[PDB]
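Chemist: Once you've looked at the hints, dock chains D and C with the ligands against the given chain A.
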Amino acid sequence: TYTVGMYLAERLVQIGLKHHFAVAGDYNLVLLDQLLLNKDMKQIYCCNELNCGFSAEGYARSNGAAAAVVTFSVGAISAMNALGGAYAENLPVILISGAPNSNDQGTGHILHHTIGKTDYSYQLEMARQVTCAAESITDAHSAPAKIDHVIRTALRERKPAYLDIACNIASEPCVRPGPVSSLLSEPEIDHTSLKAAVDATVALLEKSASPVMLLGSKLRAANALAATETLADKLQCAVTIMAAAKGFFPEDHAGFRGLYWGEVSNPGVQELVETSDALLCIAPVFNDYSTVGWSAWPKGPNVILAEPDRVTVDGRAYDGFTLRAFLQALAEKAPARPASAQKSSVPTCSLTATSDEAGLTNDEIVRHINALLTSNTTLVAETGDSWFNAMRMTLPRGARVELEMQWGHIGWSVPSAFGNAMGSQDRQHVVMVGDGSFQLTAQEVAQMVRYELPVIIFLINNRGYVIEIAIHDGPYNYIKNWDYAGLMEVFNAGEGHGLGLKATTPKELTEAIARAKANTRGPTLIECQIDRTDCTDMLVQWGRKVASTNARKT
Amino acid sequence: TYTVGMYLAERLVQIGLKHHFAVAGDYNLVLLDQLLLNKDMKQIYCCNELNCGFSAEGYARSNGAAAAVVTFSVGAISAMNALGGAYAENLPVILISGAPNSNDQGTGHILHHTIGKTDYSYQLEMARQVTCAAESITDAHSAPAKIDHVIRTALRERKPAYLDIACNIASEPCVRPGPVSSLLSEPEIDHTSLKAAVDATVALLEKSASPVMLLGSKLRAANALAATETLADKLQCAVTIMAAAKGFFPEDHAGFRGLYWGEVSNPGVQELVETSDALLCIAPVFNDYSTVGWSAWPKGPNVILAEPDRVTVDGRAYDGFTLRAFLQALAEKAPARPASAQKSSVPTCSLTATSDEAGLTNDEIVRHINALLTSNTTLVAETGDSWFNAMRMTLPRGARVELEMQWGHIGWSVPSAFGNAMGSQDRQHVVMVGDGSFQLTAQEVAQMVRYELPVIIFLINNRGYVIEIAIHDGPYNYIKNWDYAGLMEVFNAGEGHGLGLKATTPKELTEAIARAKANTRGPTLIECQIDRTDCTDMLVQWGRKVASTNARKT
Amino acid sequence: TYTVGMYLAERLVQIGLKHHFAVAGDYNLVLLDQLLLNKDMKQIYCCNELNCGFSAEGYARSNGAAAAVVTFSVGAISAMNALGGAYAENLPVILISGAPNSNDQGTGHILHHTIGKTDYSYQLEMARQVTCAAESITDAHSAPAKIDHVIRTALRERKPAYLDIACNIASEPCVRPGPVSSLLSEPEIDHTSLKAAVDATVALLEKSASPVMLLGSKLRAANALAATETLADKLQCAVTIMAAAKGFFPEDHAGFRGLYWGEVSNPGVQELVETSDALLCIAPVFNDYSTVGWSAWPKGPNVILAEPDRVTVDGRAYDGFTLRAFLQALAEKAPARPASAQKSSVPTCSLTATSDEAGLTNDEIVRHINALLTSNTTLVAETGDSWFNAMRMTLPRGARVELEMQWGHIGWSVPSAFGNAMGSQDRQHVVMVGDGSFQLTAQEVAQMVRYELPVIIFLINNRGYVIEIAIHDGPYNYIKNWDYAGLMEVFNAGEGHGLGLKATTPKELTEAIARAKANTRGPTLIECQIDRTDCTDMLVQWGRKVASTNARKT
Ligand SMILES: Cc1ncc(C[n+]2csc(CCOP(=O)(O)OP(=O)(O)O)c2C)c(N)n1
Ligand SMILES: Cc1ncc(C[n+]2csc(CCOP(=O)(O)OP(=O)(O)O)c2C)c(N)n1
Ligand SMILES: Cc1ncc(C[n+]2csc(CCOP(=O)(O)OP(=O)(O)O)c2C)c(N)n1
Ligand SMILES: [Mg+2]
Ligand SMILES: [Mg+2]
Ligand SMILES: [Mg+2]
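Chains as they are written, first to last, in the authors' numbering: chain A, 2 to 555; chain D, 2 to 555; chain C, 2 to 555.
Keep in mind that the hints were calculated from the coordinates and are not lab data.
Idealized CB from N, CA, C, for every residue including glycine.
Example chain A residues on the side facing chain C (calculated, C-beta under 8 angstroms, incomplete):
1. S103
2. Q106
3. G107
4. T108
5. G109
6. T119
7. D120
8. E126
9. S137
10. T139
11. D140
12. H142
13. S143
A few chain C residues facing chain D, derived, Cβ under 8 angstroms:
14. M81
15. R451
16. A552
If we strip away everything but chain A, and leave its shape as in the complex, we get:
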């Protein structure tokens, strides 16, 4: 006897999901039962719904998509924070909420977990604001069409979507889903437009002296990584990254020239791109953070703006094809233009070295983490100064970096890494998280313990919101210190294999990392103590400009 909930489960499996995340509530228990009957995936549990959503977000990063299941209102609303995050970071997370019994609809009944009015369509209205698709299932017959619609839309658009299922309907008989090639289907490509866009770009490139490539944070969502480095091989030119695109290109590569981020770029790089004859700008996200208060925002006649969906070049916009198809086709026809690469040096990064027994230093933490990175590593870098020393690392080919520079929700780090680890258990997972950020979502380290995930967490204890102290200080930047290392035993409670360690000197950190690598059955939190004054120059420079731009009066 095949139910609506089973239909949902089988479709999620067809997406390529092996896990979904959940927090139980009476509105979703039966739905959770239906999902559990599918042995092709595991149902894993979170502390709260905010973390649950961000766990799904992290999973989407490594798997391609994700699903989280919550209860009505009290669960769903906080998960909408994570949904908005998924939208901001171009990740197809599917949020499924339990919903009131369909027989309660239009009766004037007031229900628990509602704001106390006779109707309760407010949740769906809120969800629409942060999703590409949002449906409320209230009968078994229309359920398949709705489920299929949200999933297919989410995957095609690389955006999150929302689902309601009335609690009494999860159990209802339902037709079975058919076999599929894939649940992802892009629109059929417009060949007239593709040809014209490639021709126009080739023409501009041919008459150029020194083209540069600038890579943006939508490159992965556009599924355009391989196509990009193929194009880079053909062009021979300099390849640069925007901050949020770290790890989207192999730094091993002959053409890699480093970070473009306005005045905090690697030396020479600002001049490289700002002055380019033909800037091949691929999948960028230009906002107030990435353009450094609108001071570093390349546009106009010399820019080839190549977005996931469309290409703008030489005063014309060409639409109706995928970025991936454009980059593949362009690589066939593009000329060799090496001038940019041969006129510039491979990026290097100066890190000040200390002695063994000196107090631990920001630069010294970066030096130690850099040495940890392998081709099999995923580095998660939290909002705060961790953004900036993420930029300062030389990452080996194959290594992955995860940033959340568009949403920028502090605390994202922890549950995100948890989900990400679930979705790629074969990789080494490393987290950089500030003390302030950790406090928002700390409890999710307990899930890492529960599920025996060997994540290495570098907790940067500098005693407050330093990214804010350096830029605009006030009493609001100072938080209650915790014994972060001591928190691991609390989550262990005599069961788990989590480790909590203090690093107070470079010697003490070197020992802590050795212990961490040996801890195969649980997370390792290393509380790194550095002085509040000891942040990157990069942060100070970037912050001053951004803050004065956000405070602008005219």
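Modeler: Only chains D and C with the ligands this time, still in chain A's reference frame:
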């Protein structure tokens, strides 16, 4: 010097539009100027915005898509009625509104044509409710992406979309649009799913004794007319239509068996479909009107439900392909199953004949209009008793019928026929419209005069809302009578070539139609006077069941 | 046996309504039946829902509030245009929509008059955008609370509100409404705040040399007319009006000094207010039209901004009392400050006179209408050049002017006058309407005929959108001319007592007005033919500034 408004114009032309409809207002004048610079289409004008929207709707029916341009709030809101209509009737109308100067945004300025508050995002929020896409253009740089998004989404989904352009931005420099194959692009078809759906349907058909085809009102939007009659040729079986699908299948055809509409079906037809071994139900819209108060709604194991997007057959749903591709593929493999056709008669319709000089009769009007219909005719039938004698006509192969049975906005008839005529000037356009409906939108007959469109309008003057009088009578059903024939000279005003005639007897109607056919440079309104008591039995039967179902207490 | 619909009816009667306006549809028929059972009011019918809404709006102007009843979506959406209008013009219109059977809710049924999806909460979401309160009645038990909430909120806020009643629920048993003092209840007045505001204003006035009063278009909604002229009697100072406040002060008065409207003010008046020591600015609406493109917008330390709700004077805002209470209290304590009045002349208006047999002239039309005005007259002036010669009339004490300068929906004129006449049948009703505007809503003159309302309509036929031709001309300004006078017989159809006359010379107009005054049982339309070139200088001046401001690039 190429502007945002010119970009919009060139994209509309690429859709295949040769006309757009407009009402001027200060928020859209510059935009209208930009559109006028494109000689590939004509800008035509309407009396009011409700009519403007319905004109676009009518144009979409004959052309494939349409566009209407209105001013902020005072224009846009009433056009949203038509937009909802377009959504209901699966037509990609694009509504473009003029909007306040972008420099007024966030200033706290109160603007004219707004509700008087400091912000005015209320319009876009309302538009989202009735569209598949809705964007507000407030800068030139993001304008192309937004324009392209609404147009492409509208065409793919066969749903209307909405656009804002800030009045100061219509003039702004803009990149040019690239060449395209087509602005329509469906998602790439899932071949695993298609194969399994066709295989499952063929298996069910093979073991069937008498399959029937039932055609619904989404058949045209799914662009599935030719594929349907190809399938009908292969299957040899009985082909029946739902009310709203009149004209979607040639009544000339050997397999045509008439109307399925519950208890108001053609004799034998209800038994034919209700009792079928395997009901091939194609692109249906099952609502309270079409299912006749939920009494005639075929579903369950014996039904092959083939929707624009998906197919449900034998307890499985198959998604990820177009209806058209499904129907083409099914026609290759389907067996011959003629039992349904050879066990039933070609539908006939009994019409009572009167004498020349007797007072005009409902049946006699149908008889006269039926004789007018050619393969080159488009018949527009208004909500009211005109729905019912539209059903009662035998239409020659090629003839088109236009119904609005999902939205059902009285008055739609007139502006809709106007737009439809604009979009197919080579065809003969015939309108059936009640006296009550005509009063809502009458003024648009003046546009037909202005643009010299030879539409023949049969105004059925029965002195009120008869469809309502017959079912649930009250003082609200009785309206002020007009001299409808005399109204033509009013719109002529010594310029135009409109004709207004009274038909009071069958002889008098026969003469009026002769005059109408001869009137090549303007519309002809024939005020047909029939008694209030003289409506179809079909209406009474249908009405009683529907009304008692809508008044149901449990 | 007492029903939900009867409850609604009795509450409407308690508002002081004697009429409600309706268009029948199956979703509201039973509701209409319930309302008809209340003999304390009359149910009157409209051609379409846009006109229906604007009829209610007009009724609210003379009665204080109004109600319109429409059917779901197809009716309600276009009525939302009128609702937005009511919000803009501060009038408590209650729109009541019929809605689907409550048993259809949450079933996945598709219903007629919907966009075709399984749910249909889109209407309520749209209504919220343009109302102060919006409720959907879906059970009998919560119906009283909801009805009482929308009505009370509407009246308190002077804003429109929205109601849904499920069609099956109009008939349901319901408790009866209790007796009331009034359905209007403002919040209890804050006496600390009132005292401080009056004290601060008196202090500023006392040390002033020449205070001026400037009256705005919210004066009537604030129910502050009598209080204003009491204050003017005490202050002895100059009293000036904003355009939209015409008729809110007796021009008979010793202190009346005319129109303040930037550069189109009466001579000297701009200097009077712009230069005032202490500008008592009462219930103003400052928008781009009233401030003449932001060039005439008095603010800062010298301005006493007295709004319906709050007073800002000398760098402090005082809230928590009604404008009426503030003005009453201020009149007790205010000093005499006559300087502004004795330094300026009573406003006069130069009108050029022609001969009897010369072609009719704009100035000559104004001269004739001015002579018609009595203390018992209500003048309705449409958007267009009619705004401007409304300003140019000297109105006798007691005379009423109706303007719609915030919404500015052309066509408003006609249905608004109809409703207004219904709500004050004892008064003489005069309409000024342009030819372009008349075309949008013309059919509602048929209702005036039906209900035997002796409205005198001056149709200004200047052959297009002249207000637009003078400012920014293009093909979109030119419309199909009608025989406007001939349209009356069409609506009469041998029944009614409407008159249609042409005025082509001043003699011919003088005769037409004589006929109009004698026509006691129907409307009289006088088609006044003037040249397209013959608009007010006032319009040209005002238009040029406003248009260049709306087209501003920075
Ligand atoms: C949910 C949320 N609240 C507030 C902020 C604003 N915010 C941005 S950074 C930041 C400080 C983070 O401090 P920490 O984790 O200690 O990193 P550090 O600056 O010390 O390196 C805050 C509070 C945010 N990004 N997200
Ligand atoms: C905008 C709108 N308002 C009201 C209705 C409700 N309605 C449906 S049929 C109908 C009667 C129209 O009668 P008429 O055009 O004279 O046709 P008849 O059946 O009398 O021949 C009405 C008022 C509607 N469908 N749409
Ligand atoms: C519903 C609506 N549609 C469009 C407009 C834009 N508009 C403002 S004035 C105007 C012209 C009015 O023409 P008419 O009534 O003849 O005035 P006149 O010739 O005296 O200038 C138009 C179309 C509007 N204000 N409201
Ligand atoms: Mg910190
Ligand atoms: Mg009728
Ligand atoms: Mg005019």
